[PDB]
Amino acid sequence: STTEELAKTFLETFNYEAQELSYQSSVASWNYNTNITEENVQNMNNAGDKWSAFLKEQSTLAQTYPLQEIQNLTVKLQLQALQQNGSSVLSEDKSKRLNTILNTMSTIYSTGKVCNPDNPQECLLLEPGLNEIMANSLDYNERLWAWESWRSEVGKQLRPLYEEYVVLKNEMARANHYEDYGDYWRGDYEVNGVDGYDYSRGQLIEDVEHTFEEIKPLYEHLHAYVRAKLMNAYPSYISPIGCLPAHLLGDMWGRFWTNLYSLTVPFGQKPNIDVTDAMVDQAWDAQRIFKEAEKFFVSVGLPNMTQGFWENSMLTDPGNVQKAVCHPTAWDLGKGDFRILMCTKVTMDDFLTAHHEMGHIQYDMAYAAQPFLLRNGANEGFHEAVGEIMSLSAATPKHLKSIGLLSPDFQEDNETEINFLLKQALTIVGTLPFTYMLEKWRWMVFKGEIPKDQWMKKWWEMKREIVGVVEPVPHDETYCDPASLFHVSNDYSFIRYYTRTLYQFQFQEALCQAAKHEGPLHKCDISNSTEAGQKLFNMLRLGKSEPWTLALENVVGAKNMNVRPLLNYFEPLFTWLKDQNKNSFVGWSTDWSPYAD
């Protein structure tokens, strides 16, 4: 019969096969990450090695069906995915080299350590040696030291590899009919043949730039405001018009200005939005946390976690004698088996965390009716937004009272709320520009608009114009800073963090609307909302099924990534800052420098 009918029957065989090998690889990693034995680690590879071999075999076997001869959207969508041709289009020896290049970088980043020139024997690695310094230390020099050491030892070390990395990965990219490796990633957001729901790999850059403009003013002011506060912190090192020094931004890159709350806090006097001590007093345990989260979704029209979830998940650290990697994770192993691995402590952060995680699990269930290859969030950033929407509602004092963890007679005064947002801003809005300029330079390097010998003369040109940040010591091509960040030296799309952030607010807004919500868009808790949950599910249940723009419509109301809902969330701040900046200077000069020399 037609190329189509053979292809229907090809996928069907694949679904059932993948189901098995995938559930085997999954199950293996589960047993590993929860019980780091020596026999356990072995098959954790085997199963996964088998499964990865299966795709290679399958993808290249799916080469037989010319996708450009089919029409049942879904079938075409599935095959498209299966044709993960990837980095086998290279010669076996180039792919060898490439996977070595990748592999070495990953190793260098984690293994990399620096030594105290003032003490031979003491030597630290990023986590946790340096990260502690970068997030806590108030000593300008100590900071300047950590920051530089890192970009100097491992940075330079990764310079040669990244150089080669770019050519090869670009080769890979050009082979599959993409302009560059950059044009490859933008791919994730692409939509074809639907009308109005379409989207192209170019238009991302257009929409990410058109959106990033409306953010400037808020950023500019948040910038200006933390600037002045920093000046007190490190008097005489900052210029009331000049950029911020990269090492005083609160982590190893200033990805997040979260850690500056300490010294940028508006009103140091208003204190504890923190129920840690209240949960402990009512003898709350792991069980209670998760049962409560489960209740939250139940409240909006969603299902109780499966009996499989309750008797399979690992909800507490199992002490010594049996060790685990304790990163909180949502697992969709398939076969209708879902679970969470979380080394729960009875604290607010974990109360929050677990609502986020049970977010993805909730998402995973939603789209598990979809054909095997279409189970997964509508794009790279979709799963994270949905997960973070929960953290937003479960944090409000409204919910905290609702559940008897906030003493009934608390007040929501204006000062506590400013304090909140600033904390939110420091993370949510701090990173947005830092992120955009990340993939901006990455994107460019890939399009070839940056000559190898200006990889830092261009990095910091942008770091000063987009982000308002300056290097404390001058950096030539010996260094390779953009790659001192995990995401970069370990091969990852980073724009995800910029687009999710916007998405997540377009969600909360349309939902709080739907749920009927009174106050500022941030006082919103969508519990008991029923009809406001339905609207969520409506998209959650598609997964990769429909074009992502439709996936969105179903929630927000339109086909595009809109920025205003993020800005709305921050009105009460944005204004109070325009005020604060009364006499502060807003914006920066790219010309000024710390070293200055």
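Each form is matched to the other, and the largest set of C-alpha atoms that superpose within 1.5 Å is called the rigid core. Positions refer to the first chain, counted from 1. What changes on going to the form deposited in another entry:
- No residue of 391, 299, 84, 493 other than 84 has its CA displaced by 2 Å or more between these two forms when the core is superposed.
- With a cut-off of 2 Å and the rigid core superposed, residue 126 has a Cα displacement that falls short of the cut-off between these two forms.
- Here residue 278 counts as shifted, since its C-alpha moves by at least 2 Å between these two forms after the core is aligned.
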Contents of the next structure:
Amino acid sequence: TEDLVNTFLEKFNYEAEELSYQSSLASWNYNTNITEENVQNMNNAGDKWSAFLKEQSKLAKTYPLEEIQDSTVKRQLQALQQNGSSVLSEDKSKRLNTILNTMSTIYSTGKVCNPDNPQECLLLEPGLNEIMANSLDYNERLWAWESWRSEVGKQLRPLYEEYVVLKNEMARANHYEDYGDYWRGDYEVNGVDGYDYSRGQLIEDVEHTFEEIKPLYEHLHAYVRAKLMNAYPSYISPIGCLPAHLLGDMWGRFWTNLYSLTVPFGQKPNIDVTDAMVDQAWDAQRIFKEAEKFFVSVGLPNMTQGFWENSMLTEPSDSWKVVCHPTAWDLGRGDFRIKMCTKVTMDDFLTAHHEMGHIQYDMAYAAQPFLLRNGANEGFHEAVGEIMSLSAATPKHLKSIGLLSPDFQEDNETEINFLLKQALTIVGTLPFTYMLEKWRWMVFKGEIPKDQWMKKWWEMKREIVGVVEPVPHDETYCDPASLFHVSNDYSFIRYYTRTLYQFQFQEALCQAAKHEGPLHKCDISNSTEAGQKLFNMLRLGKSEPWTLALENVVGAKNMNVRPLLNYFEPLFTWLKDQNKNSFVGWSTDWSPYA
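Can I get the form deposited in another entry as well, since the one above is the form deposited in one PDB entry?
Partners and other molecules have been left off, which leaves just the chain.
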């Protein structure tokens, strides 16, 4: 019986190569040409690959998982068996897919019109996002914030209600507690002694690690609030929460756009020499060849010939449509490319190292069998790509490449400016991410009644995130669904886990590189020792459990907040002194309304 699974997977692995590569080749043509001709061809090849997974997963369950001894073989059959969630009515699943498509269309096509000038009707991107990121008018931002939740937000309320019912019915039929328990299975390690992990242990570890982030976030909140009181006078209380429409985007997921209002030492020049670095045009090939030499110096292989022949490295002509999201592609059969709408700027140069980090990960685990070609968990890929742009942004690397002036002055004030910009993006999103998943987890678990969704949502915003709603929202609203990841059915805890992982990786690779100064000044270039430690994790794929793959690089079997907190320690001590005459913490009772 153990030999039967071997012959079964040996056909699955080779028939998957066919359908996965054809569905990936067809998917590429749509992203390189948006035309109904390609939209239908892409979907057809994807439908074949989907129907394949239907039958193969049912057949995979017929073999007993526990009757297998080979760990690598047992792990392969499990992935196929766990892929079978076909326990619903053909009509109700058809409606669930209709609900999932309706919410996606409402979110992507939702438009709001300016009440002063109805000629200007704005959708989310671009428009409302430009208002939430650049406007300094309290009322203008309040309009866009409230409109997106009162128009498209309310339309998603009934859909999300039925979305929860159908998703929980699907999960409970697969021996899951709820749909939240379903998503949490990506971290579950059932088997291998000493390396296990449960679908509830994540909840405990996420809340534990978040408790150590509270002091750092409380001081970033206090510093931002004080700076925002000067920007929006008479609108913010020195002891209350921050109004949601003043956080830099539609939801407050990132405080990146608040840097202009919260810059510590604005008189120092910014290291983003994008304008003058455009004059150093070079070419798109030079940008990615520089990214290539980064990984080559660390001991990783060069980019494949298919990358230089089959990838979108610029923007061809005008008669050819192209989607502009940056993506790295591992289509299979050795086909590696990157598609990204990039010019000769500098912020994409960091993302170029990020996306090429995804390719290096995809290249390394290609030796593993088909079912095992994936990151250790959902957070492993993004953490790998983030440390590349993390090292490629240091002044030392920029000096040695010939991009920054050879005599740049690194004061202790320019160090705070950079770290503060990082904290607004990296640390500001941690309470937002955890609180959002904490709300969805409790809703799926049936702990939040339907008549208390928005009441519990904003009760947690004021306590966990320290953000108060500007206008009261009754149960007709559905502000969670006003975010892409919520209404488009995507787990969100991956952004919290990868953020802790990426600093564990960087700390491990910089210690392997024997970095001297602070962690934020580390660049693992020319460090073959750091690459060997990283490569030992990339080559594993999803073969070994995520706890072991994490242990191979950082030395731990679980998340760790210490590397993240040590990265921001120079800023944390500076924030504690800046807030000595302020008020750290917030009252959950103050609101901009009455």
